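Okay, so here's just one chain, in C-alpha cells, the form deposited without the DNA.
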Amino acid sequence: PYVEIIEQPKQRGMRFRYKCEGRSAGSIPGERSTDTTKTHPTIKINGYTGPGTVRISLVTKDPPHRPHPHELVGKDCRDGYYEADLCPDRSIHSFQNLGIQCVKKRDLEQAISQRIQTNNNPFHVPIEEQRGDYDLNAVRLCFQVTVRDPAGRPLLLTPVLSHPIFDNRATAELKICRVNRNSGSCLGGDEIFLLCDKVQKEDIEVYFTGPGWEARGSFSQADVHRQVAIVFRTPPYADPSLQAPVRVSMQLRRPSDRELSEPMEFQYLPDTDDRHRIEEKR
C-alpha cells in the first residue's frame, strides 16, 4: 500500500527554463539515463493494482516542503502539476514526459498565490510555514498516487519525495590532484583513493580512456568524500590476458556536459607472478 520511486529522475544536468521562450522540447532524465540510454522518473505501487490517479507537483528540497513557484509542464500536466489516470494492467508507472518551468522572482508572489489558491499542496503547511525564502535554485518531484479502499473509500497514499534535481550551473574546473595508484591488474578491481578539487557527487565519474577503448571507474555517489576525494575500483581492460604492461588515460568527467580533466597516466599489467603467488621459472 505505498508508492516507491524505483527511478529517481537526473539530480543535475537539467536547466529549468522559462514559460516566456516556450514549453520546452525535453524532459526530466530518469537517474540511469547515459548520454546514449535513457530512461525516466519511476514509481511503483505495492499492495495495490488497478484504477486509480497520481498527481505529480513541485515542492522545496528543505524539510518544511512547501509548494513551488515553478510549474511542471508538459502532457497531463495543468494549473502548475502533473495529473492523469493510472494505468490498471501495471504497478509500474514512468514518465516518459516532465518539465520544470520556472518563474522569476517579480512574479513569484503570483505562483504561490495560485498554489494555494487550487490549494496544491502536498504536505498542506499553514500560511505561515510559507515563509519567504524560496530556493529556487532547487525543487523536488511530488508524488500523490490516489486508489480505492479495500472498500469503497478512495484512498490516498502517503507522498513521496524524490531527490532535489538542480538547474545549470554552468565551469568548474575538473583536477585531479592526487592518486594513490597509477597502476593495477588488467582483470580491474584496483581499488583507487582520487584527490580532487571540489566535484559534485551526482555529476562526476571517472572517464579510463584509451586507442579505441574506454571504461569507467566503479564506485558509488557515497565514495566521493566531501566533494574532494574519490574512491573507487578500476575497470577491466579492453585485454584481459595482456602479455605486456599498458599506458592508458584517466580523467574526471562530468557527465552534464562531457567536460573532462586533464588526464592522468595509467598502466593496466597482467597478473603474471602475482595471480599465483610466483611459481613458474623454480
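Numbering follows the first chain given and starts at 1. Note that the rigid core is defined as the largest set of C-alphas that superpose within 1.5 Å between two forms. First, how it differs from the form solved in complex with the DNA.
- Superposing the rigid core between the two forms leaves a single residue from 47, 64, 245, 51 with a C-alpha shift of at least 2 Å: 245.
- Comparing the forms between the two forms on their rigid core, the Cα displacement of residue 144 stays under 2 Å.
- Once both forms are fitted on their rigid core, the CA atom of residue 177 lies 2 Å or more apart between the two forms.
- With the core superposed, residue 163 shows a C-alpha displacement below 2 Å between the two forms.
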The other form holds:
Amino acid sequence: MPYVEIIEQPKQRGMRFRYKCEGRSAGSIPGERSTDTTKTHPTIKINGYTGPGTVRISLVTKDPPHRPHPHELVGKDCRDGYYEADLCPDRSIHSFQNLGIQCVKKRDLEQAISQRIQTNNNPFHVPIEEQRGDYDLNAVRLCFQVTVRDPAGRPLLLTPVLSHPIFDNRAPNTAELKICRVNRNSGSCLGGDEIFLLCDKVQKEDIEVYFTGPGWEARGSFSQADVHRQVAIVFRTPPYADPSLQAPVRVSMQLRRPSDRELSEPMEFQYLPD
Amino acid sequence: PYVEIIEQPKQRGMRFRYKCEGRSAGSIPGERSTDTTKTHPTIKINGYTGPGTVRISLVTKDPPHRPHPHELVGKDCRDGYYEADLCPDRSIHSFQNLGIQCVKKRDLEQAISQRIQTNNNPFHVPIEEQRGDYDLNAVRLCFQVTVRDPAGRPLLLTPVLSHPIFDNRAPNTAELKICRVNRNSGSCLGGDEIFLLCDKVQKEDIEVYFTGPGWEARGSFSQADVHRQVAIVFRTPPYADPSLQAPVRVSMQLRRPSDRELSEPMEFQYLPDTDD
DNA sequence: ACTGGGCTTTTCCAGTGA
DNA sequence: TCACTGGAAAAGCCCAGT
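Just the form deposited without the DNA so far, so send over the form solved in complex with the DNA.
The next block holds the full complex; its first chain is the one shown before.
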C-alpha cells in the first residue's frame, strides 16, 4: 500500500483543552512550526497515491496500547469525537486547520468510552478488556486513518500513523512552563540574591529554578512556602561555578518540572564578581 | 415593640459552603468577636419580655429585599431559615450556630420556588419583582420576631435587617492583604520598582497607597502589571520632600478604590538620594 | 466527629483586532 | 462579525488538625 507521513506535527504544549460548555468548536491545534508572523497547522503527505479517498483523524492515548481517547475532536467535519472528510482528489498534501480538542468531564468518562466503542472508533483494535484501565486526561495523540483506492476503486486502508503527544495546558503538571517576569537578572557569584519570579501556574512540589551553563548545573534555593499561589517564586540565587571571575558572565535561568525534565524558555542571568 | 440588633454579624471573612461539600457549614460570629471572647449575632427586643418565637432568614443585600436563594443551615434550621423560641425571661437573644449554605446558579429557580413554597418572604415582595440577577456572594440576615400581646395573640414585629455578609471568595469584597514585598525602602525621588505578592485582588480595582502626615501618594502600575490577581509590580511615588537629609518612615498598604477598603499598613522608608 | 485553607475541576466572560 | 483567547469566577475536592 501507499503510506501517510506527517509533514508538520501538532504543537505539543501551550493549548488548553476546552469543555463542551465553552462552545461548539475548540479552536485549532496549531502546527509545531507556527511562528506568529506565520500560522501553521497539522499537515500530512500521502506518498504513492494521489486521488479521491477518505481521511479520518481520531484521538488515542499517549502510551501504548493506543486505546481511543475519551476526549473528542470538534470543529469542521467532526462528528462523534473524530474528524472525517473527503480527501482532496487534486492534492497529495492535506492541511487540517479546524481541529479542536474537547475534554470530557470525569463524570462522563465511561459514557465517552462507550461512544468510542459504539462508533467503531478504535484505530488499533484494542480489546475492550483494556479500555478499563486509567486514562491520562491531560495528553492525547492524533491518529491519521487514510483510506485510498486501488486501480479498480477498492478501498485500501493505509497504516494508521500517530502524531507526537499533545498536552493539556489546563493541568499545571502538563502545562507549558513560562517565566513571565523577574525583579532582576544580575547578581554576584556569591549567590544569596533574593529574586521574585512571576510565572505561569506551577505546582510547588514539582517545580525548581534551573541555572545552567557549560558543564555547570546549579539550582535556586527556596521552599514550597516560597511559591505564592502557584504563580510566583521567591528564591535565592545559587553561586556561580567560580567564586572569583572578574568578568561579567552570562548564564541560563529556566523553570524545571522534575517529573518530566521539562524546561521553560531560558532567561539570561548575569553573574558578577566580588 | 420593636427589634434591635445589638451585635451585627461579621461581614467579610466567612466562606459560604456548597451542599456538595458535606455540611461543613460553620457558624457566623459576632462583628466584634475575638479569640479571647467569642461573640455571636445578637438582637434586643424592646417593649416586650415574655414568651415568643424568632425566625431568621436570608434576604438580598439590595432593595427590593427578596428572599435569598441561599440557605441558613445548622441547629433549628429547616427549609433555609432558622426558627426556635426566644428566652421568656430576657430581652437579649444570641444565635450561635448560623451557617450560610450557598446554592449554585443552575439550582437557582428551584431555590426561589422553595422560598415561595415555604412562605419565606418576610417583606412579601410580589413574584414579579423576584426574578432579577441575584448576588450569590452577599446576603443579609432578616430577624422576624413573633410576640404575645396582653391578650395572648401572636404579634409579628416588623423584620429588621442586618448588615451585608460577604463571601470571602469574591475578590471585589474580600480582605486585602500583603504577603511578601521585595523592597521596603527607596529613594525620595520615587521610581523604584517593587514586587508585591498579595491575596487575590481585581487588577481594575486595586491601588498601592502610601500615607504619612497629611501626605498621600500612589504606586504607579497598569492593569498588565497585576499578575494573576496575586502579584503587583509597581514603581514608587516620590515623597513630599525631594531633599531628605535622613530616612523617613511612611506606611504602605493595599487599597480598593471602589469601596475605600484598606489592607493592614506596612513600614516603608524613603531615603535621601545622591545623584541622578 | 467538625471546620479552615489550598487547589483542582468546571464554567463564565470580556475584548480584541487580523 | 466572530470563534477565539486568556483571564477570571464558580463549583467541587481534599487534607490536616483539633
